[PDB]
Amino acid sequence: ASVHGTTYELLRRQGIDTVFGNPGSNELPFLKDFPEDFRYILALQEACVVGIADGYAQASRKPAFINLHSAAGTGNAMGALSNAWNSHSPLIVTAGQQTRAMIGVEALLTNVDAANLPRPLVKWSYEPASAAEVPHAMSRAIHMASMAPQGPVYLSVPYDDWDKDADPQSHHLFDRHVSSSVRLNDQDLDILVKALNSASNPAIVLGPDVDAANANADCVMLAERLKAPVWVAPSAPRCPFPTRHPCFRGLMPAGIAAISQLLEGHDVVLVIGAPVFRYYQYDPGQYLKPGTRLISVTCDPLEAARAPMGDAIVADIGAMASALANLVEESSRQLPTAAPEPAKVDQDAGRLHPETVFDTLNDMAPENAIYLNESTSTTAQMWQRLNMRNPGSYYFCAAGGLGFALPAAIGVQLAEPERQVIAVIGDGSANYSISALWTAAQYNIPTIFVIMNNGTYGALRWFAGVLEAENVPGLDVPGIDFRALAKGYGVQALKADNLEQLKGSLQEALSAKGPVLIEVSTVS
Amino acid sequence: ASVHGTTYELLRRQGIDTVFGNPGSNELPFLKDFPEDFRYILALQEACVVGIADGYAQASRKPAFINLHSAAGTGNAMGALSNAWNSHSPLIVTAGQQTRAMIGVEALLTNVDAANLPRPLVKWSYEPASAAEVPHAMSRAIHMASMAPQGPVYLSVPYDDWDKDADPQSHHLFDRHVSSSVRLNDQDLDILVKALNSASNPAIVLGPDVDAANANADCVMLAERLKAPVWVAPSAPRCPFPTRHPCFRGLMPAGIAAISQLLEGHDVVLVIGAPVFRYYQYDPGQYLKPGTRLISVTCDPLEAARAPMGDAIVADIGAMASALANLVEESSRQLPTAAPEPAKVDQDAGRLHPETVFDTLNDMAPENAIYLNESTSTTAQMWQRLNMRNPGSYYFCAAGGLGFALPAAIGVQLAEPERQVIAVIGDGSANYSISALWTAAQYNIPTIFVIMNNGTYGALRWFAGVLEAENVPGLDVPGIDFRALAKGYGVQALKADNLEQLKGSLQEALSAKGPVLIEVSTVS
Amino acid sequence: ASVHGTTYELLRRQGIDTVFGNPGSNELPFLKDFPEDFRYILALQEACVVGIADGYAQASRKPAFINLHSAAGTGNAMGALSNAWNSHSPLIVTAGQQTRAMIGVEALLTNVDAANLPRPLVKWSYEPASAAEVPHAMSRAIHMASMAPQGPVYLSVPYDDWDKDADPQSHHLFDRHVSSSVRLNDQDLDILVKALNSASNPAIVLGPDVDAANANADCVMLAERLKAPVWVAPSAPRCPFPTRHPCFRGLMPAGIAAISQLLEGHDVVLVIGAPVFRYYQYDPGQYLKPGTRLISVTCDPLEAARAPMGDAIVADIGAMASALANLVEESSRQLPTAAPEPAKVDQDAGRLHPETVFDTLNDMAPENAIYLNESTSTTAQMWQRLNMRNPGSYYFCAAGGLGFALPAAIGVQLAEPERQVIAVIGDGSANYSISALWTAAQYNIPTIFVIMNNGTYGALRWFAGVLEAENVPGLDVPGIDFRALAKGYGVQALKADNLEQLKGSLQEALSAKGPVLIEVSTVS
Ligand SMILES: Cc1ncc(C[n+]2csc(CCOP(=O)(O)OP(=O)(O)O)c2C)c(N)n1
Ligand SMILES: Cc1ncc(C[n+]2csc(CCOP(=O)(O)OP(=O)(O)O)c2C)c(N)n1
Ligand SMILES: Cc1ncc(C[n+]2csc(CCOP(=O)(O)OP(=O)(O)O)c2C)c(N)n1
Ligand SMILES: [Ca+2]
Ligand SMILES: [Ca+2]
Ligand SMILES: [Ca+2]
Ligand SMILES: [Mg+2]
Ligand SMILES: [Mg+2]
Ligand SMILES: [Mg+2]
Ligand SMILES: [Mg+2]
Ligand SMILES: [Mg+2]
Ligand SMILES: [Mg+2]
Ligand SMILES: [Mg+2]
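Chains as they are written, first to last, in PDB author numbering: chain A, 2 to 525; chain A', 2 to 525; chain A'', 2 to 525. A prime marks a further copy of an entry chain.
It cannot be assumed that every hint is accurate.
Heads up, the list lumps identical chains together, so a pair's fine if it works in one copy or across two of them.
Mimicking DMTMM-like on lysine to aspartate or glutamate, the simulated pairs with C-alpha atoms at most 25 Å apart in a straight line are [what the hints assert, rightly or not]:
1. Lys-290 to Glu-331
2. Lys-195 to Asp-176
3. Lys-488 to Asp-312
4. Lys-290 to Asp-312
5. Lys-345 to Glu-501
Note that these hints are calculated values from the structure, not bench results.
Bound-form chain A, shown alone:
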C-alpha cells in the first residue's frame, strides 16, 4: 500500500470522514484520488476553514480534520487556532510541504521551520523524517488532539511522501483505542464527596469543558442534590447548564473582585471544567473572601497549575461529573429559587435595542436552537434573555478572537442538521471571516446569521470610555452593506430596521430552505 492509502485507512478507522480545507499545490498529492467515502468541505480563506472545522468538532464532540496550504495557509488560520486552543477543540491540522528534494533550497511554498509556525497554539507540532513515518505521525496527531485536555495539533507533510510505499506494520495503527476517561481514586474521591456533603452553603461554577463532555445533565443532578446555585465561569465559550433551571445564576463577571464578592458566604465553591478564572477587565481585589474555599476539577494541567487559589483535581470532566452526581447526598436544604425573567426594555418603532432582538429570538426560535455570539457589547444581555435548555446551545470565541462565530456557525449547523443554528454577530465582527458565507451557500447549510449593525466597535468604545481614554482612532465601521455581502456569496438576505421587520424577517428565515442573513439596525 501507499502512504496515501494507508493514511486514509487510518483516518476512516479512527472515525474521520470529513476534510475541511482550502487546497494548494503541496496538498494535491494528498487530495488526489480522494476517497469516495470522505467528503471535502471547501472554504475560501483559512480562518474560515478552521472556524468551520472548530464549530463542527465542538458540536460533534469528536476530532475534526483540516488540510491547509503550507506556511501561508497555516498562517492565515492562526487567529482561529488561538480560539481553538482556549476551547480545547480537538483539531487535526495538516499542511502540505514542498517535495523533500526542494526543501533545502527553500523553493517557493517551502514551509520553513514548519513545526514552529503554529506554536504556541498547538498541543503537538511535527514534520516526519521520512515518507513511511507519515501514517504513524498522523496516528500521533489524532490521539494528541483527542486526549484530555483536547486541543489543536499540527502535521506538515512533504508532498512527495504520499505516493511512497507505506510500512506494512502501519496496520497496527488502525484500531488503536486511547482513553483518558479517568477520575479521582476512590479514597480521595470519598474525601471530596464528604467535603461537599458537609458544606453549609456550597456553590458550583461550570466551564466549557462541561458542555464539551456532555456532562450537563450530571451537573444538573449534582446541583439539585447539593441544593447549590450554579454560575457559568467568566468569558464562557460554551453553555454548560440549562439557563432557566432553578439553580442557574448566570454568567460571572470577569473580574477578580467581582467574583470574590459574588462567592462571599459560600463556604465551598466547586469549579468544574473551567480555568480559575478567565478574568478580562482589571478588577483588583481578593481572589476569595475569608470563609470561602475553592475546589477545581479540570481536564487541563495548565489550568490547575495557574489557578491563583484553591485545590485542584486533573481528570476527565465527564467521568468526574458522573461520579460526583451519583455519590453526593441529597441535602435537606431548600432548592434555590429560579431567577426572575429579565425586564422588557422600552422599544419604539425605530432602531432595535439588543435586548429586543434577544427577546424576540427567544420567542421565535425553536427550543433546541443553537446560538453563537460574536456581538461583543451585548453578551451580558444575551446570557440573560435566551432560554437554552439543552447541551451544545451556545458558542463564543474562547480566546476572544473575532472571526470565529460566522464560520463556526456553519460547522455547528453541519454537525447538528436538526437543530436550527442562529449566529448573532456584530457589524464589526462579521467582516473578519465574511467569506465563510460562501460555504453555507455552496453546501446549503441552513445557518441563520443575525448581523447586529450599530456602525461601531461598541465593546471598544465601552472599554475606552471606562479608562477615560480619549482621541482613540479606528473605532467606527460605517458604510458596510451586509445584504450586498450576502448576495456576493449567494446567501439570501433580509433587513430589519424595526421590530415589525425583525419579526417578519425571522419568520421568513426560520421557514427558509437555505442559509439566511438578516441585517438588523441596532441602536448606536
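Assemble the complex: chain A is given as a structure, and chains A' and A'' with the ligands must be docked to it using the hints.
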C-alpha cells in the same frame, strides 16, 4: 514623560507617521491621545492590515508601522507575514498584551509565549521585561526591520506600560542613525569587476531586492555596459528592470533544469538581489551546465548560505549595483536586440482571454501605472504583455500566499498617490482579503481592482492535470458576485463580459475619483 | 558517491580538516572510514569538546568543526555555546540523530525537536528532510557560521543518512566562496572620515571583533593618526590593542555611569567591533554626557539595534578598520602619553597576591605568550599587569560562563603551536571543565595551567559584600587538590605556596615538553 509620549516621539523622530491597525482593548492605552501628526489607517481584518502596510512599505521603501490585537490579531496576520518575510518588507508589528498584573493567570486576551507566536516569520520578536524598557525595545524593532536584509519584526507590549514613567535617558534613542549601506572591499570588488570585464558571454539575473533598493537604473547601466541579457529571477515579487529595454529577456521559469538550460553558453552569470533560486515546480536536472559560473550579490546571509551553486557576496544591493555599474568597462560587443512584441491571441465577442485583458491594460493604463498580480494562472502572460518602464511597477505575493494583492494594492496606492495602481486578481484569490476593499472606500484610495473571473482555482487545475492527479476536490469557486461584494464595502463596481465592455469599464475606472472594481468574465 | 564521501569532500574543500568530538552510536556511521587527511581531537565531556574547538576557532580565525552525540551530548555543550554566541565564534556543531525509521517511536537517543534544542544560542539550526540533502545542509552550516557576524550553528543528522547515495549535483557546493568582507559606501565613509578629522578630542573603544578580524594593527594606525586614547570595551572577551602602546587606556569599567564619566569631554567616541556596551554591574546614570557623540562600527545587526545611544554602521570590522586607518588625516595634536607601570604590591614570604602572580608571569613569559583568564576576581589587575604586544593574546569567557578557559586554552595552543599559552584560572572555575586536561595530556598540547587557589568563589563574595547580601550559601570551595586532579588526567603538576616556589615552578613549566599545571596558593 510617559512611555506613551516617549514612544511616539521616537517613532516620529525615526520617520514613522502612520499606524496601520485593527484595534483591541489591549491596544487602547497605546492608541489613546493619538498624536495629531500621526494618521491611523483602519482595516477590518488583520491579514488586510498587514497587507496594506506591506504594500505601503515596499512602495515607499521605508518601514511601515502596524498595531494588532494580542494573539488572535497577530495570528490572523501570519499568512501576510509569510509574504513579508520573503519580500524583505520592513514591517514593525506591534501587538497589545494584557496588563502585567493579569498575565500570570492568563486572563482573556493574554498573548501566551508571545514572542514565539510569529516565529519563524520575523527577524526579531520580543516582549519587554518592564514598562521603561518599551521605548528601547521599539528602537530595536525599528532598526532590526530596517537593516539589511530588511524584514518584519514583532513587539508585544502589556497595556499598562504606556502610562508609566519613561526613562529620561531614552532621549538618546530618538536620533540614532543605523546604516547597512555597505559594499565589497576595493580589492575584492576589483577582482569581481575584472571577472565581469573578461566574460565573453555574461548574463544578468535580477531579483526583488533590486527594485526595493531602487537600483533599477544602475542595473540598466550595468547591462548596457556589459552588453548582457537580463532575466528576472523566478517567482518574482517585484520588477527590477524596464520590460521593454533591449536587454530584457523576461521572467525565468521556476525550474532547476529550465534555468540551467537557459543559462547554457553564458560563461558568467551575475545574480543581483535574488535568492538562488526561488524554484517552484520540481524540474530535476543540473543546477548549472558545464561552462557556466555564477556569482550572486545578495543582501541576505540566509540566501547566500542556501544557494546550491556559485559564489556569493553579502552586501547592500543599492551600494553594490551603483559601484558595479560605474566600474565595469564598456564592452565592444553588440547590445542585445529587444524581444519582439507578444502575439495577439484570437479573441471573439465572448469571454475574455487573459492575454486580451493584459494587452488592453497595456494599451489604456498610464505609462507610470503600478500593477499587482494575484491571478495565479496568468503570470507568464502578464509579464510578457505589460510594458513597465519605471521602478516600483509590479508586486506579486513573495511567498505565494494569496490575500496579498488586494490589500497591498491599497497600500501601494497610498504610497504613490500620483501613479495609478491596478490590481489584477483571480476570482479565487480575491476572497482571502476581500474586506480590504472597505479601507479603499473609507479613505478614498483610488485603486483599481480587476477581478479575473473564470470560476475556478485555475493554477491548481494546471498543477494537478500535470501530475495526472485525478479526483481532486475543492478546485471550483462558482457563485461569487464581485460587484455585490464591492457594493457591500462601498466600492464602485463594473462588469465586463466582453472586450467592448472591458474597454468601456477601464475608461470609466481610469476617470473615476475613487476606487473601482471591475469583474471580468474570463475564459475557463 | 555516498553522502559520507560527499560531505567529507565538502569539508576539506572548505578548509576543514579537524573534528573535535565526543563520539556516540548515532555518530559512528559518520566517523567510520574516517579520512586519513582529517584528525580527530577527543575530549571527555561535551563542554570540553566545544571549549577546545572554540579556542581553536578564535585563535585560528577560521571555523571549527564539532561532532556531538544527540540531545544529551548537545545539551552538555550548551553552556559552552553561550560563550561562543557572545564571542561570535564560527563553530559548526553537528550531532547524530537516530535512524529515520526509529525517530517516530522516539527510540533511545532520538533527539526530539532537535533544531530547537540549541536555540537561542545558534545562528542557524537544522535537521535535513532527507539523506541527499545532508551535503547541502552542511554547506549552509559552514557558511552561516563563517559569514559576519560569525557564530555557532547546529546540524542534526540521522545516522542512516551517511551510507545513502549523494546527489551528483552536490559537487557545485565544494568550491563555493561566500564573502561578507564589506564596508560603508564611499559617500558615507567620507562623511564619517570628515567627522573623525574634525573631532577636537576623539576617543576610540575597541571590542573583540577587532582581534577576531586581526584589525589590531589597523586600529593602532587609526589611533596614532587621530592621536586618540584607546579603551577596550567592557567584559572583554579578547585583546584588540597592544597594552603598552602610548594610546592604550585599558579596560573600561562595566557600568553605565562609569563609562559616561570616562568619556566626558570626548566629543566623538568611535567604537569598533564591540557591543555598546557589555555592562555588568548595575551602575545607573547617563549613557553619555552632554557634548559626547558616539559612532559604532559593528559586524552584528543585533548589536547595532540594541545600542541605547549613538549612530551605528554594520560592516566587516577588518574592511572598516583598514579603510579608516588609511583615510583619516594625521592630526597635529600631541600623541597620548603611555600609562605608567602598575604599582608593585607588598608581598611577604607567604601566600601570593594575584598582582604578584601577574607581575611574575609578565616577567617570565615569552613576549608572544597567549593568556586566558578565568580568575574572575582578578581581571582588572590582570589587564593592567600583562604586556600583550601582539594580536590573539587574551581570551575570557564572552558570556561569563565558567568552564571556557581550561579547554579553550588547549584549543588555542593547538592553533598556535609556537606561542606559549598560559591559562590563569581560579580554583572555582577550574572544576567546570576539569576533564579537558586529559586532552592536553593525550595529544601533548603544551598548555600551562595556572590555578589561582584561594578556596572561595571570590568574585561572588565581592558582588555580595557590595549589595550587603548576608547569609549567602555555597560561596566556598575548600578541599580540592589540583595536583592530584592533574595527575588523574596525566598532566605534570607543580605547587607554588610562595613567590620563590612560583618562580621555580614557572621556570620548570616554561621548559617542559608537555602540558603543566601549577597550583598557586593565593591570598584569601
Ligand atoms: C481578531 C480580533 N481583532 C480585534 C479584536 C478586538 N475587538 C474586540 S470587540 C471588538 C468590536 C467588535 O464589534 P462588533 O462585532 O460590531 O460588536 P459590538 O462591540 O459593536 O457589540 C474588537 C475590534 C478581537 N477581539 N479580535
Ligand atoms: C493562502 C493560500 N491558500 C491557498 C493557496 C493555494 N493556491 C495557489 S493558486 C490558487 C488558485 C488561485 O485562483 P485564482 O485567484 O482564481 O487565479 P487562477 O489560478 O484561476 O488564475 C490556490 C488556492 C495559496 N497559494 N495561498
Ligand atoms: C557556568 C557558571 N556557573 C556559575 C557562574 C557564577 N560565577 C561567576 S564568578 C564565580 C566564582 C569563580 O571563582 P574562581 O574561579 O575561584 O575565581 P575567583 O572569583 O575566586 O577569583 C561563579 C561561581 C558562572 N559565571 N558560570
Ligand atoms: Ca457594532
Ligand atoms: Ca480563477
Ligand atoms: Ca577562588
Ligand atoms: Mg481507586
Ligand atoms: Mg452530527
Ligand atoms: Mg509560531
Ligand atoms: Mg576597501
Ligand atoms: Mg509617498
Ligand atoms: Mg561606494
Ligand atoms: Mg595554526
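Against the structure, the hints come out as follows:
Taking CA atoms no more than 25 Å apart as the test, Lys-290 paired with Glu-331 passes in neither setting, with 27 Å inside one copy and 53 Å between copies. Taking the shortest alpha-carbon separations for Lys-195 and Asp-176, only the inter-copy value of 20 Å comes in at or below 25 Å, while the best intra-copy value is 41 Å. Taking identical chains as interchangeable, the C-alpha atoms of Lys-488 and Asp-312 are never at most 25 Å apart, the minima being 53 Å within one chain and 50 Å between chains. Only within a single protomer do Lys-290 and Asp-312 lie at most 25 Å apart by alpha-carbon distance; the minimum there is 15 Å, versus 46 Å between protomers.
Proximity of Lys-345 to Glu-501 under the C-alpha cut-off of 25 Å is restricted to the intra-copy arrangement: shortest distance 16 Å within a copy versus 59 Å between copies.
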